[PDB]
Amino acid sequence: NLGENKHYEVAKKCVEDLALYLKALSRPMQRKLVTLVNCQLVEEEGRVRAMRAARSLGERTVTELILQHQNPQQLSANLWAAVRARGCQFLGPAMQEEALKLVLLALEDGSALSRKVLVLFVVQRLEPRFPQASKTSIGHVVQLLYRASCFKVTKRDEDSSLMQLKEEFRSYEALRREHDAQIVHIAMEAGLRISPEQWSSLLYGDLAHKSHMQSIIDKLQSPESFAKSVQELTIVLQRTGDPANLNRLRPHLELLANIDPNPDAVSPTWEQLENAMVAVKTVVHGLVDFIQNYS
């Protein structure tokens, strides 16, 4: 009858089908499934929540798919290879700390030095505590900060450019954060997904910087991250061959990535609700099919 809405029924059935996975999947997937299942599709507010819950479920699916294709043994080596490919370097937790402190010693006050003068400033003062220090190794550290936009660079006609630390990076805490963020950026760009615990170990040699690294990771997320993660997965699958044809999920993940995650977003049409619930249904089914058959 005309009192029955066909879009509503497909949406409802998709959610019911997904709810069967609760009674396996990861804890984050379970939590996000529960959130979707609790959305009341008879209300406009619950329909808005269902759209965001579907997006959230989908973004988590892509993350888990990428992690399944990622070699944990080779993770550190790939990071440092990616860092070196940009002319950058990490000299170890102790030596990097000291190096960045020596950069602050030079530029805290707003002085403008040349790259050559800045490198030597650091190498000289660093050599006693760390004899391996060199113009090359310290040049790579300065390049890391350059790539991070830490410097205001002033060109001079037919001469070496002068470099000042920007006002916002003239403390150790601010400078080290941006430095850490830049290494995270390089990892992201190379399609590496590294946990806060792993990052703390890599950059500080302890597990006492999880929260600091977690803060940096979360500040680099945007609403474009879901769409970029799908493109990333495509690159991973092209590299691996794609036995399970996870490429079939592409237009579903794209649709989910195009959902507005803001809470003050325009509420969905009935067609949009059905399409989102079918998309997320297919995507979560694809993940479970992969775990069981193509592990």
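Positions refer to the first chain, counted from 1. What changes on going to the form deposited in another entry:
Checked against the rigid-part motion between the two forms, the candidate from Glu168, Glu178, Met188, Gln73 that sits at the hinge is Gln73. Treated as two rigid parts, the chain shows its smaller part rotated by 38° relative to the larger one between the two forms, based on C-alpha superpositions.
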Contents of the next structure:
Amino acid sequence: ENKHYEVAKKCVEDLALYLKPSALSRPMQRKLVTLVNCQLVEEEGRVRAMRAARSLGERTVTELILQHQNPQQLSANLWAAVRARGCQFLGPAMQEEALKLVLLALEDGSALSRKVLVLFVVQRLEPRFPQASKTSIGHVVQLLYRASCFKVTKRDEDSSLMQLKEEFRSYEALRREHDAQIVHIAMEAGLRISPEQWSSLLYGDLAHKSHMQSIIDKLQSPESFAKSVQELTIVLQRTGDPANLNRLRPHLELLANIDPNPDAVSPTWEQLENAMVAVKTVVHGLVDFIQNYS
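Can you now output the form deposited in another entry? The one shown was the form deposited in one PDB entry.
Below you will find a single chain and nothing else.
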């Protein structure tokens, strides 16, 4: 006898059919299960469902953006940005040894002109890595300078001398500020990159997600659902949108306007119905788009 409840329940059952008693990613599975378990005859269940739907929606936007993202074009863009600010990243093994060699020189509180510091490193990097040039090592040093690792002392008729600050005289402290500056460069160039891409880019493995997450939390605020939809819009403007993903926009906007905060007003049946319809439409879209286009 309740049209709204029937459409809504109908929408949820339909989405349940994506669950194997692997059409979706595991995140989507987790979040879908949450919505499906919601009891729409109770208020605490209608509320929890509005929250679930927003989550599914925000995630859908994310996977769509990720689908358009080429990691080979993305990394070239990272290093271009780095080089455009005078710095370099020589690749996981090489940077490691170089930062260590910097550390080795200045740990004790030694003070060396930039030129003297570069030579020190390059000399000791020769055996394991002969492609090292005074210019490349220079840029690694400029990287550390940009991250404000050095205390520097002016002199007349002779070179300025550089010391590491007390607080960076360890590889943990040094690598952390180093890694942070390369993120800060990513942000300046307008590149959202994920702890897993980062871990892969700087160390060459998936084992530094946690370390990297900690920095991004410190340097960046997470992007609202709203700003993500705007992000996808632009991509779609640039591609021309042959799958008509832009048809999902009304629905994503509806979902993003759901107030997730816990002081929020419970939904009306209408609002609930519209939300379930919206999330159904969006999720179906994601699946169809992945199944039909690369």
